[PDB]
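Chemist: Here is what each chain is made of, one letter per residue.
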Amino acid sequence: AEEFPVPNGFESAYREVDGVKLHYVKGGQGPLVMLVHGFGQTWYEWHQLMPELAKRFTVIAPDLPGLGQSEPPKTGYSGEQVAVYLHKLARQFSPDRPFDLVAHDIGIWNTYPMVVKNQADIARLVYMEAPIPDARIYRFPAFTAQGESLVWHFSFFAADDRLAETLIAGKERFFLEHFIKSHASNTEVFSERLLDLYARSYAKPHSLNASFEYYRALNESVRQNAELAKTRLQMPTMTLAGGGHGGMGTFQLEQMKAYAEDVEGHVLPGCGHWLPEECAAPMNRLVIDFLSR
Amino acid sequence: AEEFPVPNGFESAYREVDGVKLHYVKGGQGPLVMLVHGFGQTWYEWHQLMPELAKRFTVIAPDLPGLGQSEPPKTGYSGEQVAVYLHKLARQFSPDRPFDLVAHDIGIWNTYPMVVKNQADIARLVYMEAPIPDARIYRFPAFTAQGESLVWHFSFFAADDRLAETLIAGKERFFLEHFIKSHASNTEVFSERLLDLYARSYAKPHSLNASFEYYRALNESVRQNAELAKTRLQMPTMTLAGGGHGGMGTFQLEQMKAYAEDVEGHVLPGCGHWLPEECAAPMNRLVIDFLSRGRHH
Ligand SMILES: CCC(=O)Nc1cc(Cl)c(Oc2ccc(O)c(-c3ccc(C(N)=O)cc3)c2)c(Cl)c1
Ligand SMILES: CCC(=O)Nc1cc(Cl)c(Oc2ccc(O)c(-c3ccc(C(N)=O)cc3)c2)c(Cl)c1
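Going down the list, the sequences are from chains A and B. If you want our numbering, it's the position in the first sequence, counting the first as 1, plus 31. If you want our numbering, it's the position in the second sequence, counting the first as 1, plus 1.
I should point out that these hints are in silico values taken from the structure, not numbers from a laboratory. Some hints could be false.
[Claimed, not checked] If you want the footprint, here are the derived chain B segments under chain A, 3+ residues with CB under 8 Å:
| no. | segment |
| --- | --- |
| 1 | 136-147 |
| 2 | 152-159 |
| 3 | 289-296 |
Beta carbons are placed, not taken as given, at the ideal position from N, Cα and C, and that holds for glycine.
Given these sequences and hints, build the entire structure.
Modeler: Written as structure tokens, this is what we have:
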């Protein structure tokens with residue numbers, strides 16, 4: 032059965048890529064746009080964007096390996112390894128023309144390498160609410176004068192001994208609610224049913240582990256990206272970031288400027304980290320307009 | 002009942018201070034030295050140092066409010082509030098003479114205010130392995146090129162909704178072993194037996210909660226110390242830090258130089274955060290020698 036409700040006119044389906052059965056939800060007609068979710072979530076965070084975007088594009092939203100209904104990666108969880116699966120998946124549906132990429136949160140981590148290495152395959156790029164893993168992440172503070180910092184979980188999740196799985200097991204719903212809301216400006220959008228759905232999904236033991244394995248591979252991703260970044264991105268790029276509590280603000284664009292030649296950026300006041308849910312209407316509009324140019 | 006074995010010729014006792022029953026272990030004879038433990042531990046971390054000190058000093062090792070066998074504080078958990086309990090306790094056993102102070106980890110947070118506010122009561126001072134709460138702690142990284150950073154737990158522990166209690170309760174022994182060993186260079190000293198003793202103590206629900214309340218009061222302690230630090234410490238001071246994995250390295254001395262006029266520091270190689278256990282011989286020697294420069298025996 033489906034973990035999340037599929038919007039009318041879309042199909043939930045699977046493709047094997049490099050021996051890994053990936054789940055995705057797909058609909059629309061026209062050139063391909065792939066939407067990639069991040070931590071704590073699945074394809075479903077894009078469910079409000081999808082029907083609108085489907086009016087002009089074929090839309091595909093995969094579950095990251097090990098998350099949602101996708102199988103764990105057989106290679107590893109570093110960005111360069113995971114990006115392979117997402118690239119090949121996109122190419123099954125757009126073998127003959129470039130496709131657009133939209134990524135949120137660790138979806139960025141898991142797509143940047145395939146973008147920079149296959150630039151001819153990427154027409155336009157939208158990145159929102161996560162740093163590309165580089166040495167900038169080592170400057171983020173453990174603790175702040177206002178208390179709990181925004182990224183202390185980097186260390187919690189990266190820790191060995193399965194620290195995170197062990198503490199969070201049986202308390203997935205409680206932990207996820209805290210994590211989402213502490214990174215949100217608009218908390219009201221996360222209803223009990225929505226949180227139930229997400230918690231149920233990432234609580235599958237292989238998915239709870241998959242979640243943290245992305246973070247255990249984070250330093251490897253940074254090292255990979257140090258080499259990859261020698262080539263700047265040449266395709267038109269737009270960044271989005273929340274300007275409210277939990278958001279990344281000016282960091283998103285300012286980082287991307289070091290990576291891309293052709294970038295525009297927006298900061299959305301009153302919005303936190305979870306842009307597609309906290310601020311669906313302006314986020315959708317900005318993405319649709321940027322891609323429809 | 003005793004959570005930890007009391008060394009021969011020491012007494013385990015309790016003292017009511019401002020409505021709070023504080024547990025302590027005491028022995029020896031001579032001028033007073035108070036030893037103040039930190040997070041994850043109790044008076045017991047000092048148990049190898051104590052019989053050696055007791056040959057030259059009256060030694061007292063209290064359990065911090067809410068930890069070990071001490072009741073939670075009734076005022077609050079900021080450094081300034083908790084310091085009142087420890088200062089009054091010490092002064093009961095040394096009402097007419099200054100005493101010595103040795104503090105490890107959050108023992109520092111909980112003693113600094115009474116040291117700076119009662120400088121004449123403190124003859125000599127030894128601080129090891131924690132920052133004094135100030136704005137420097139806002140500069141420590143959440144994540145490092147080597148993996149989990151050394152103070153990410155500050156935010157974990159300080160988070161609202163009782164995040165840390167809810168996640169950790171029932172898994173106290175697991176968490177502690179990871180926490181201690183990840184902050185250690187010499188991990189081998191933390192036997193399963195020793196980890197069992199410590200975990201048993203902080204698994205007491207009021208103790209697990211008290212542990213975190215110290216971090217929930219950290220910003221307040223930072224604000225308190227900003228005022229208090231306008232006057233430097235005048236008594237002889239020594240800092241110790243671990244040079245190995247989990248230790249604070251040169252940070253300890255460098256921060257202290259901003260706080261004290263008279264400070265000598267040591268960084269112990271091959272030792273991490275838990276100096277009394279990981280590096281017992283050199284640490285004990287450094288502490289005994291430093292305190293023995295003054296009146297004793
Ligand atoms: C511009 C520099 C500055 O002065 N401050 C600053 C400080 C920090 Cl902690 C910072 O990082 C941020 C912020 C807000 C955030 O929601 C996040 C964030 C949260 C979760 C993930 C996840 N799924 O792994 C990734 C990321 C990071 C950024 Cl981007 C900027
Ligand atoms: C990368 C930045 C850099 O240049 N230097 C640096 C980096 C870090 Cl992560 C750092 O933090 C450290 C180290 C060693 C430590 O034992 C601690 C530490 C751990 C727990 C407590 C407790 N009271 O719970 C107090 C203290 C912090 C220190 Cl002091 C310096």
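Chemist: Now, for every hint given, state plainly whether the structure supports it.
Modeler: For each hint, the structure was consulted:
1. 136-147: holds (count 11)
2. 152-159: holds (count 7)
3. 289-296: violated (count 0)
Hint 3 from the earlier list is the only one contradicted by this structure; the remaining hints agree with it.
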